[PDB]
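Once you have looked at the hints, place chain B on chain A.
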Amino acid sequence: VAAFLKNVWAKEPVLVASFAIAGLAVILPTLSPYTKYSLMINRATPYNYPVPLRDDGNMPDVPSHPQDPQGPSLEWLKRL
Amino acid sequence: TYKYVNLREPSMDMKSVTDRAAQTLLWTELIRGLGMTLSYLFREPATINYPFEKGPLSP
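Here the protein sequences come in this chain order: A and B. Under the working numbering, the first residue of the first sequence is numbered -7, with each subsequent residue one higher. Under the working numbering, the first residue of the second sequence is numbered 15, with each subsequent residue one higher.
In isolation and in its complexed conformation, chain B is listed as follows:
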């Protein structure tokens, strides 16, 4: 069948333009976007310590 992606017009009224003009000018994206998704460094790293530890295999 179908699915349409990126087929939508903007709202283009008085309210939601300030919602978009807060984005371009004062960066409500790009900090909430990727100043938080990256850090998120607080997970445990997964490194096989190779001369001693070795990885899984199969028979």
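Same shape as in the complex, but just chain A:
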């Protein structure tokens, strides 16, 4: 079968270039750790408005001042 990938590429190298780009396209999102950053960037882009909550017992975290060390880690993008 190892000649079939070289004795049709002497006759029609047209669709062979298509399968070579059809392949190596489905394969790569299962490979590089650059993906799931593509979902991590896409999650912390605020469209709507952040409504606040109310104190009742808890008090889990995040007081009235926003610039306190209160919220989660989305500040790795400015270092990126």
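Some hints here could point you the wrong way.
Unchecked claim - Derived BS3-like pairs (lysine-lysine); straight-line CA-CA distance at most 30 Å:
| hint | chain 1 | residue 1 | chain 2 | residue 2 |
| --- | --- | --- | --- | --- |
| 1 | B | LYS17 | A | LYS3 |
| 2 | B | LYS29 | A | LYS(-2) |
| 3 | A | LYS3 | B | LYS68 |
| 4 | A | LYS70 | A | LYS28 |
Said to hold, decoys possible - Residues from chain A shown here face chain B by an in silico Cβ test under 10 Å; the list is partial:
| hint | residue |
| --- | --- |
| 5 | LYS(-2) |
| 6 | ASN(-1) |
| 7 | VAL6 |
| 8 | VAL8 |
To be verified - Facing chain B, a subset of chain A residues (Cβ under 8 Å, in silico):
| hint | residue |
| --- | --- |
| 9 | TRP1 |
| 10 | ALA9 |
| 11 | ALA12 |
| 12 | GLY15 |
None of these hints come from the bench; they were simulated from the model. Ideal placement from N, C-alpha and C gives every residue a C-beta, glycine not left out.
For chain B alone, coordinates are given in the frame of chain A:
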């Protein structure tokens, strides 16, 4: 006597197919062919300017 033209098979190996598959797909012909042979416009045109200049003849 004789002469044979267009009587030659291709090489049909691993090397020279890439030499031909660079031709069909990425056009090593048809630009080196006729994007250069045409231009080549940089010669002086040869036009007889007829009401004033006239052409050669013979006695």
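Outcome of the hint check:
no. : hint                : result
1   : B/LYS17 / A/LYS3    : 29 Å, holds
2   : B/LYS29 / A/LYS(-2) : 11 Å, holds
3   : A/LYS3 / B/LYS68    : 57 Å, violated
4   : A/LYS70 / A/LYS28   : 18 Å, holds
5   : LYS(-2)             : 6 Å, holds
6   : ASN(-1)             : 8 Å, holds
7   : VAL6                : 8 Å, holds
8   : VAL8                : 9 Å, holds
9   : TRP1                : 6 Å, holds
10  : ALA9                : 6 Å, holds
11  : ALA12               : 11 Å, violated
12  : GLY15               : 17 Å, violated
This entry does not satisfy hints 3, 11 and 12, going by the numbered hints stated previously.
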